[PDB]
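Could you put the whole structure together from the sequences, leaning on the hints where they help?
Each chain, written out:
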Amino acid sequence: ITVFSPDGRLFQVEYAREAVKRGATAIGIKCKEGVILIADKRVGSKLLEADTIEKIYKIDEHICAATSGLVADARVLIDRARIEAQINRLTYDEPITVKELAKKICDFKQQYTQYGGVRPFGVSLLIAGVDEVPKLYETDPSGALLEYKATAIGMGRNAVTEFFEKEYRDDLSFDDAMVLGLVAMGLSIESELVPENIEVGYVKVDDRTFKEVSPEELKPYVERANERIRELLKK
Amino acid sequence: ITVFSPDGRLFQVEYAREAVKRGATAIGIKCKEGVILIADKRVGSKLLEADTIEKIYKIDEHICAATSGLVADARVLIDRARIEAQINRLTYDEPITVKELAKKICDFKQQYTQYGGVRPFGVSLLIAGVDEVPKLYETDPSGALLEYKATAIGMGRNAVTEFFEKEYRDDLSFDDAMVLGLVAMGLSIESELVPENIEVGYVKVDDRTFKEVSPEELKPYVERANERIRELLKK
Amino acid sequence: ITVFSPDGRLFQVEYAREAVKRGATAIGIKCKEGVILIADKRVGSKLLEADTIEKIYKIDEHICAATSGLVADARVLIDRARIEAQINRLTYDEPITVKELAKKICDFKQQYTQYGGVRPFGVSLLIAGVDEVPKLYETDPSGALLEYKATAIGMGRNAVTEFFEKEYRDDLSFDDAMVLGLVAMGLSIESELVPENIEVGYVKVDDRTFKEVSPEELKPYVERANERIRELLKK
Amino acid sequence: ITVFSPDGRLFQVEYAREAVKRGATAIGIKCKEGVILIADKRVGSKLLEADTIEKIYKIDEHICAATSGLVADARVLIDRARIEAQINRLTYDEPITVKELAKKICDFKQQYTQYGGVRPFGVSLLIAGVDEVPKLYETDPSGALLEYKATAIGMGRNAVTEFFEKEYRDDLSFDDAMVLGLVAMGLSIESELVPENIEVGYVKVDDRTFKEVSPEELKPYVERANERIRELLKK
Amino acid sequence: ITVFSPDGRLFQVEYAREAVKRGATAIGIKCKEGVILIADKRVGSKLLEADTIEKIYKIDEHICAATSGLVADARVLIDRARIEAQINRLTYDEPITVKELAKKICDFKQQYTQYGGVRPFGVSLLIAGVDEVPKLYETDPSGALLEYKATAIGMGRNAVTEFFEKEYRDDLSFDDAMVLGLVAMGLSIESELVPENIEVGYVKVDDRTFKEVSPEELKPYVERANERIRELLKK
Amino acid sequence: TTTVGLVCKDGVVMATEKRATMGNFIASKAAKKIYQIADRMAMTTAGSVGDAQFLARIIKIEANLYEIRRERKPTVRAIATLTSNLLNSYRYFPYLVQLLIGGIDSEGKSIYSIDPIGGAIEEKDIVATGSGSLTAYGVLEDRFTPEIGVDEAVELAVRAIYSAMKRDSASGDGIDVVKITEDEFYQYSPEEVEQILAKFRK
Amino acid sequence: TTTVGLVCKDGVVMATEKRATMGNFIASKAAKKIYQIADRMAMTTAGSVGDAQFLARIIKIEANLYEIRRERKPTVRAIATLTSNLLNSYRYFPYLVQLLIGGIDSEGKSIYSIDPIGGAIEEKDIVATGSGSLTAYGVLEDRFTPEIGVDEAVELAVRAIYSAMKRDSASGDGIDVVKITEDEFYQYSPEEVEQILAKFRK
Amino acid sequence: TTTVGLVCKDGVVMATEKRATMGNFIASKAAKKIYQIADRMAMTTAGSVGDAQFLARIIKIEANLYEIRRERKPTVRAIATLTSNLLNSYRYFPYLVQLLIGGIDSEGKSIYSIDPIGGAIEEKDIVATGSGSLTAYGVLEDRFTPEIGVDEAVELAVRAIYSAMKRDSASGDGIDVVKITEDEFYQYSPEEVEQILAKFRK
Amino acid sequence: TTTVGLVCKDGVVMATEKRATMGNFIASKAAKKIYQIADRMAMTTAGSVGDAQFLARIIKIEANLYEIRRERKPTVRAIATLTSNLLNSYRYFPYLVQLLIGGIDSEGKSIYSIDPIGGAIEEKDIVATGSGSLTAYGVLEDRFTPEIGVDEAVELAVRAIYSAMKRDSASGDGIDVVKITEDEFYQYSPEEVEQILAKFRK
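Chains as they are written, first to last, in the entry's author numbering: chain C, 12 to 246; chain B, 12 to 246; chain A, 12 to 246; chain G, 12 to 246; chain F, 12 to 246; chain 1, 12 to 213; chain 2, 12 to 213; chain 4, 12 to 213; chain 5, 12 to 213.
Derived DSBU-like pairs: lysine-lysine, alpha-carbon spacing no greater than 30 Å straight-line:
{"hint": "1", "chain 1": "C", "residue 1": "230", "chain 2": "B", "residue 2": "177"}
{"hint": "2", "chain 1": "C", "residue 1": "32", "chain 2": "C", "residue 2": "110"}
{"hint": "3", "chain 1": "A", "residue 1": "215", "chain 2": "2", "residue 2": "120"}
{"hint": "4", "chain 1": "5", "residue 1": "120", "chain 2": "4", "residue 2": "71"}
{"hint": "5", "chain 1": "F", "residue 1": "69", "chain 2": "G", "residue 2": "57"}
{"hint": "6", "chain 1": "B", "residue 1": "222", "chain 2": "B", "residue 2": "43"}
{"hint": "7", "chain 1": "F", "residue 1": "115", "chain 2": "G", "residue 2": "52"}
{"hint": "8", "chain 1": "C", "residue 1": "57", "chain 2": "B", "residue 2": "222"}
{"hint": "9", "chain 1": "4", "residue 1": "40", "chain 2": "5", "residue 2": "177"}
{"hint": "10", "chain 1": "F", "residue 1": "115", "chain 2": "G", "residue 2": "32"}
{"hint": "11", "chain 1": "A", "residue 1": "110", "chain 2": "B", "residue 2": "66"}
{"hint": "12", "chain 1": "1", "residue 1": "84", "chain 2": "A", "residue 2": "215"}
{"hint": "13", "chain 1": "G", "residue 1": "115", "chain 2": "1", "residue 2": "71"}
{"hint": "14", "chain 1": "1", "residue 1": "84", "chain 2": "A", "residue 2": "115"}
{"hint": "15", "chain 1": "4", "residue 1": "40", "chain 2": "5", "residue 2": "120"}
{"hint": "16", "chain 1": "C", "residue 1": "177", "chain 2": "C", "residue 2": "32"}
{"hint": "17", "chain 1": "1", "residue 1": "40", "chain 2": "2", "residue 2": "84"}
The following label-pair restraints were derived from C-beta to C-beta distances:
{"hint": "18", "chain 1": "A", "residue 1": "226", "chain 2": "F", "residue 2": "143", "range": "54 to 60 Å"}
{"hint": "19", "chain 1": "4", "residue 1": "80", "chain 2": "C", "residue 2": "181", "range": "29 to 35 Å"}
{"hint": "20", "chain 1": "G", "residue 1": "231", "chain 2": "F", "residue 2": "244", "range": "46 to 52 Å"}
{"hint": "21", "chain 1": "B", "residue 1": "110", "chain 2": "G", "residue 2": "105", "range": "56 to 62 Å"}
Chain 1 is faced by these chain G residues, among others (derived, beta-carbon under 10 Å):
{"hint": "22", "residue": "101"}
{"hint": "23", "residue": "102"}
{"hint": "24", "residue": "108"}
{"hint": "25", "residue": "110"}
{"hint": "26", "residue": "114"}
{"hint": "27", "residue": "143"}
By construction, these hints were calculated from the structure, which means they are not laboratory data. Beta carbons are placed, not taken as given, at the ideal position from N, Cα and C, and that holds for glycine.
Structure (structure tokens):
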């Protein structure tokens, strides 16, 4: 049952939000040269095959989303977002826009909290891409989409956002943007980053092709960020 | 049936996760030459025939999957895996990969957690297989999927995961790797194995076909394992 | 209805099992020379007709099942076994294995336990036959399957099963095995048996066809089995 | 609705049995020469025209059935039972046996006990006929099928059965049996009968046709019974 | 909704009977020379029109019905009865007899008892007609169907039944049955009737059709009854 | 393609033409258009071969199921009727066959013909069904007597069928016969039948 | 269109053509029309090509499904009867193909011919569907003896479809053969068969 | 019926005859056969007249809805592809009409023909369609430049329909014409088009 | 079957032949193919009286309903499009009846010609339908002006319809005509029209 609180909030949705907070932190940062998306590959043991944990999903050829919240829900929503993206492709022979992809899975998400027969989603996604200007959206478990210029979801929700209020300059270059996100992420988990406890992907404007930064190209941006993460965890 | 908790968990998933702890330990060792999956069929009476009870199921011709949790749910979940596997093979003439097989049966557990019509499947499976490289998954009753290099589900999870953190390599060769998982199994039940109280299967790399270890073929490894199980236990 | 407990058990499966426990005992004794399947007629008074009570239902033409629990739930599950057994002859032109049928009726039990619109059966069955080797199964309300070489369900379960840990042997003479199961029955009721307040059928190896002990044939076995029953309720 | 107790009994089945206790008495007395069925109409008011009231329902040409419990449940079940008896004739061109008619409707009751959509049929039916030999079954709310040979359902069960426990002989000419059944009814209500306030039907061995015994025809039996009824209720 | 209680009674049905008692009484008196059905259409307010309002609704041409309980629940049941009487003429080209009609709407009410997503109709109907011989019925919200010589439903049930228990006789003149009927109506309200607030209809044997007793023709019966209505209140 | 069936004074004997063609061409050595439905019941089909096979299987499964459920062995009437109602329910995917289901039960001996248009009729002691039937009735009924042994009857059945086979240029070879004697359900099969019809020559 | 099949005392040999045309346009000539269903069990198909290969895939998936599931490889019998049941359900949809499923199983050697409306007929014997069949089965029967190697069985089956090849080139001009021996599952392919027909000239 | 569609350096110009017949009779010439899909986008139909009318309303309603839903006008390709899927969705009750939907967006100009049974092809510069295609394309190919201006194209586009409609027995009753110059969505109307041929042979 | 319909400057008039061409058979002579949909709005049909009358009942009702629900008198376009969707939905049910729905409203005046296969064509002044479509139209064309009075339009309409109506003599008795002038939904009735066309003779 999903019913009203005497406060105008849905309870199942408020509860779903805490599930989003207790998930595995991601984070997107946008510049006017593309949009990055970083998600923390979370490891609790040396017996996780950590090179094979997917936390940044590619959804179209110019769209990717990372996730925070309940992992089971997160995939089906994402498997949903993949067909949906393609369905736009199938009927209009355009690419789906990043905003419309965010609407469409959020319209789905709404049904699940409209009907008291089934439970809500407890997954938030950060759907980032280049429709024709870079975009970044934070979707909510209610199913509502908000455009953010840089934001995070998960356990870094407040740490990352707080950080961005001071640091964020707008008007950034990619190489700066890359490192900037990495600092924000390293501070989320409050230690120094190695490239193999993060997965990072991006859609550039000047290509409009999705790429996942293999740990080889990833390592240089980490290194610059370990200097700033250190600085800050020693003040 | 299933709804959120005020702590942002799901009740029915969490109590289902407890169903797995209350099951019969199983356990996987992945080495570079195969993936070995040994399950505890250690019986409760002497009239329970321990030579025609099955707890390591073949799922395709290069995938085998072991189980812990409730026996009944497992059997059905795995039956769904066997049909989904073959369905893949039908539609694409390519045998289903371990990861992807695991994803469809995780979607199915997730459907039954999602939806309020039915209760969750209370089982964790270890899906083992060589798609083209050895792969070992853990599936959790929510529909969560994690790749491990060595892992356990069930009663022995606490013991066994801690053991691999103190002894396990990745240049671990096949014979030594078989003994590791048989040694580890011995620690779970706090006794030396008997070849009639465990079932072992392995998908090899070189064969790329699942073959089961015989009761005959169990014996060399039980002998070696027992020297190491006794040493550790009598300390 | 069916939900997980904080133990991760099903409230309704444990209650279904107690439902079996207030049933009426059955017992199955296996040998290499056949399988003997015996079930205790309920006689509460002398108005109960006791020549036309079903307690051993024949399912397929070399597979019989005995029952304990809720006789109403049980018959319906048995009718369902008979339809499934004949659907096998219709689509493969070969009889169902004793195991194969066992799984298939437990899918039926397991589906009901998971759905919240229906409650599990409060029946246990023992399904015994010869597909090419003697088999004896015990199914549980959960839909759990355990091969056995001797077993009992119902009220006498505990008494009989404990009894079989001393007496039962791996190979027995059929005439020995038959008598041993009447002795057990006698023990659990705590009284001498009368040939017409007990039911006995068997699948033998030589016949591969379910046959059922007419009251007269039974007669000598009750008589030899009465001597040992007397010894036991003195010590 | 229907769930098991901690004591393993379906609360709804147990309560449906209390409904059967709270109903107007019937009765079956079966001898070798055919099977009789007697039901109490009672009282009513003196405005109840209780010489048109059915309580003995003819199901098939060679089968009648009586009832106790909820009147409404009773009538609906009897309409399904009648449909079932004719559907057998439609499809096998042979009349339904007494066992298979009783069986089919007990499966129908079992459907309404496991499904949580509906509450059980709160009825006991006695199915009596001569299908190949006199048979009298008693059906229970759950679908407990038990074959008796002289029995009672309803408010008179405890009394009437104790009566039959000493007095029932298996020998009986048809007249001795009708007088026996009538005496039993008289002890329950603790007074002499009125042949218009009881209804007697029978299926005979020799006719293999159902006839309902009208107040004219029933008259000599009643007289020989009120003799015995008065006698035994002074002891 | 509808569940059995340990007292063996469907609590919702017992609450419906209390709904009947809170409705406006109707009454039916049966004689050799027809059946008369009288119902209190008495209004509580001046502005409520008592020149059109039915409490005797014509069902078939041979059958009438009166009602007590929730007018809304009644009106749906009666509309059902009207259709059902007409369905008979479609398929057998005869007029439905009084027992078969009352039985059929009772079978309908009984379904709504035992269907879990819907609630018992709260209504008792008095179905009077002359199919060959006079018939009068009382249905109950249970589904209970009982043929009566003379009866009431509603407020007047206990008083009027009782009243008939002394004054009603097995045969009467039509004209006498009519005055007796209207006396019973006045005793129940404990006041003198006016013709403008009772409705009396009948089905006679000689006519074999239903007519409704026009207020002008109601008149003399009401005055003849008035003398006795006082007599019994001065007794 | 003809079937004869005859109720003898102590069993049932019936027979068919084994002849199964696609054109006129003989694909395999055996294609039995005679099925054992129950322990002492047969089903002979005149009309299509393949449709018969699968359909027989269903009925046969139901005859077994019947026995297990009712703790009584089906009667001839039961199977025969069961089949009529089956054909009629399943006329959406019609099997175009004229069957004869008969044999032996506790009740005694009888053979029923069943339409796909439905209805199971009973034939007193002789029936012929098929294109060859009109020819079959001729041979069968001259030499049939209400008192006929099972043994005298097998000779007669083979003869009754044989009259048709020589007449068609799309028949000639193959025979089915089943003597059902109330102890056995013997299926004589090609070899044994052959010496029966080396007494009537060609 | 021709399939032949023979049951030896040392295994099972089946043959089929590679070439079936719809019109004068060649739909295949590189398709195998013998498929391998389970370890040592084949399916051979007379009719259209398309439906034969799609169908063999489902029956293969279902055979693998029987093995993995029941812990026991399926009999020849099991899979023939399962194809027959499928064909029958599927008589609204194009699967009108006449198939010979055969192989080795625990019961020995068998080949079943499967009627195209479903309905199996057991053969321990020999079979042909097709429109090459009329001749082939004749030649097949002449040199077949129940004491026969699979060495010579491959020769015979080639020989038989060679006879079918004289009629039209639709049958033959590409021929597949399979030998199954319960430890060898050899599908010759054109080159080898060309040498077994190089002893027969053409 | 005959259509053209011309792709230009300054626009899109399209033309069709306005013969619109119901049964086979011309009720009135008070018809169009150019329908406005979006602000600067047209649809011209070749095929049966009945299908085109309602279908224009549907495609159109969906295009004003897309503009509303996505805060952005649809592209030429989006509407054309939609029309393809739209056709294929109701193909149980199929509309047989070959729609040339084209016009103007930020990407430039294009005309897409869509077939009633499947996909939407782009036409590079020149497209024509109908029973009058053969003549109408014939006019285009001896006077089309790829540097053709919008007013020039209207004169060429008329001439193609004019020449084509005289020859057929299914085409006439005036010419409908449309210029899409992304400043105007001008529809020349009966009045104007008539004067462009009165510079010809009237 | 001849229908006329013409939009004046001050009225709207339409006429039809009394009965359709049914063959030499007739049913009644109080039959009409002219129905009133809304207060000042009619529907004239080409096609069957039965099909026309039933559909007209549905439309009249929905119109009445439209009116009530939105507290706005429906306009003629609103009904013409409403009728377009009913027809397209029922294109595989028998309604090949082809309608002219015109009259008078707030927004102005029109006649819309509505087709079984959908859409609605606004006829801007002159419209005919049927087999008498070409004949009847030509008469109209002749004296039509966009300034024709309501009575001149009536005189025109009766002459025009009467010419095509010459074809059937079992419909040339009686005439349907209607005046729509915003004050009268006048349906003349045979008698009062008949003295007008005494002058153009029987």
